[PDB]
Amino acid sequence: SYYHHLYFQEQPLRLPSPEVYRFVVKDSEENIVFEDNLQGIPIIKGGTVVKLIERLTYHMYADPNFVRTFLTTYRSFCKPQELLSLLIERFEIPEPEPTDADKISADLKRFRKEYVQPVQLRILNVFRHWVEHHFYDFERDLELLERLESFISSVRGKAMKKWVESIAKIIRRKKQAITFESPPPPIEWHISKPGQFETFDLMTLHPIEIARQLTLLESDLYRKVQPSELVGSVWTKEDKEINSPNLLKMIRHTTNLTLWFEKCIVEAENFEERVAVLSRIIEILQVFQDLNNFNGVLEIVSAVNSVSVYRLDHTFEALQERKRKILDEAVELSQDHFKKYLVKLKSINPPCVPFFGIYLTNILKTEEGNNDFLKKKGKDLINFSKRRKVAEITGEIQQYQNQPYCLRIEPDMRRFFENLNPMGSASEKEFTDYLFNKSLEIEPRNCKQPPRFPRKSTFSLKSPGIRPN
């Protein structure tokens, strides 16, 4: 009564009624649309969530690319509990009502072999991919895992036991949860010595080791970001702390470090000390560059572009020309929408830390420039092509996440950079206003030379340089 729709048309497969199994409703413009201008598997443009689930577990062929993109992006259109219920509903396939003749027929044998078993195995593959690559869904919702484990314990049949045991094995391993191929260089120390963590500061630590330790820290933060933290702009929305925890740590580290570089410059009231502070920051930038940490490079560029720093003409003119040329070459990476940076990224060799902000910007642009739904007369369809476009960008982020640095962690220095709090008790607005007022104090408008302020420390301003020892 219901049927599934090259050089010969074979007999149609008989299916159960949609009244008892939602997924066999005929495809139409009102429930699924394909990228027909794009090219063996048809590319899904959008559909109802029921049709997306049907195609996620399609009986005719496997679709690994859709499975991957779906499981990365589905939270922007479907809740995890809802997804599990839909997959279970998909699994529990009723057989077509036997005709007066059946009351095993050839049609029913076809149905179990061509439809039921393939769809059920597709679902088990989706479960496997789900727990393998998105197990945080199950850490975040213990009931979701209980439902899944209970369901797979109900799956009968020798043919499916190996899939069930493969899923259970992954769950087992997930619930349970540094070597060097060549010797990392010795940790570098300047004025602050090992263990003296209360004296740690921008000018007392070694500029080489500041850049190394910030690079190890930023590499770790970058590596831990999952693509679903970026989908649907969830890191800016209500539940951001639950849905984007690693992304937020990355963003907040960058905010704090950029403000700290600004603070170090503007609070150096003594002119010669401030020029030495800026010069040291440029040396840290150089080492970031040597390490291919372009996140760190552009954090420093961002800091010197802050108004309170940028307006310090006397400080930039007092820089050695050699320091000026290094700074300005890095600033030019960012110009014309990061043209030169993007050329450099495509050519570098690992390990590296890419500039994270450009991905965030491109995802926000894509989220804003595409509608979540395709508009229909009846129920509007989920715009899946939008999610694919976002997944393309998150796929780029992941290329650089398995690239460890041959550098030794310094635990005290790592804690120092994890605990930076340049704002004190000020709000961001208060702190920004404070920095600008301090800028005005240390280089007043139209001063022909900066006023004299006392030196802040009694140490040499001389850098140890960026040659490793």
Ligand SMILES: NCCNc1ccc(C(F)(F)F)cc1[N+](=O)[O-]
Contents of the next structure:
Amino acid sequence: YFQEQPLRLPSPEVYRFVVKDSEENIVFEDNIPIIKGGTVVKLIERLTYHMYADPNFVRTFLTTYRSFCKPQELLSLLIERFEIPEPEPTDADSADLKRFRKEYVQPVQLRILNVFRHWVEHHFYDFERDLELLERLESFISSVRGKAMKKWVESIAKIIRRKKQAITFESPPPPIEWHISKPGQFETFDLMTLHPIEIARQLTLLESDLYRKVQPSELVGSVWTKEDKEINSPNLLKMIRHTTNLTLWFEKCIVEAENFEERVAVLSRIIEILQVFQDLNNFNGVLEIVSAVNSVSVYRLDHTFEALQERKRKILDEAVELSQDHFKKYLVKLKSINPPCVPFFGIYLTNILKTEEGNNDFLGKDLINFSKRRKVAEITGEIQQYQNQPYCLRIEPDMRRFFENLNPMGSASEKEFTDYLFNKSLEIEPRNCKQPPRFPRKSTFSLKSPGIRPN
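The form deposited without the named molecule done, now the form solved in complex with the named molecule:
What follows is just the one chain, with no partners and no other molecules.
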């Protein structure tokens, strides 16, 4: 309701962050204002604005900035923003200078240190991937002089020390289940020799830990599909590669069982493991098995599926329904169950890949489209903010290592391995055969399942 005297600022030629706002360097949305886009200089200016604090923009920026700015560039810009020159003395030469220091220099310099604090607290992986970046930040933070900023400086270093350093159960976990293979002899571990309960438990723990380690920045900008995927998305790729190898493992176990009765038992055991996956709300494991039975080499084995117990076939059909109609039943099932759970990552990745292709990276000079990043950060934010629980199950390390190091493809490549599985599928059940041919049983152990009831 009143316009006060404007602050006397340095020239834009000496401090490029005070260049005047224009639709050619920054754009806002008509919905604290909401930034639609701009130059990275204008984005940094609003990231450390002097008039107000903007924690939502800080959180969103530090999650998404790798899609439009490198971590080294971000640090340089923040340091450049910190080193604010004072305006050249008036043509007559202190009232404007005292005002400039209290209302502009101190607020901006404190906003930058808050950005540093959020950066090292919530995204220290940047400094683990780039040690030169961390030594630049420590060198700059040491050179920071001022008693008002000492609390901030020692707070940043306190967090860095914590990050440079780096189970227990609420209720007693149930005992580990063993079938034919016994503790220690990892060389004999296999789908049918291990216990179906414990296969599902150990893969559920493994897939829960893999899922928990994925951070939003590994998804922003689809960086897991681009040139630097191994560096920017190491946890997400481990999640994708585990799911690929486990899906191929279930397919291999079925098709390589040439004896018909052995193959029906193998498929039956897999449906039992699926049964425990559903008990544990492990939807990743459920859809791993559905993907395997939907492979062309397994799906065509009509004699195998028709020999199943009707109860086990209805369990499998129930799980196949989860994915039908664009995962309609899966979405309402996930919303209804309670944690601990392991949601399916695939639907999230397609959501993000679809908005990445729809929205443009840029909005005179081409300006970074930050609204696109805010939309992508809102998808990942819904994943991060789900209140999930750790599983109350004990880890068996040898089984864990067995599932970690599963390599079903052997020496063959992707297309060669699918050719091998489809040719083997045609051998064990030929096209238009009246009954499956008889093959010798390769297992020297019984295929009777111990069930999925514990104790």
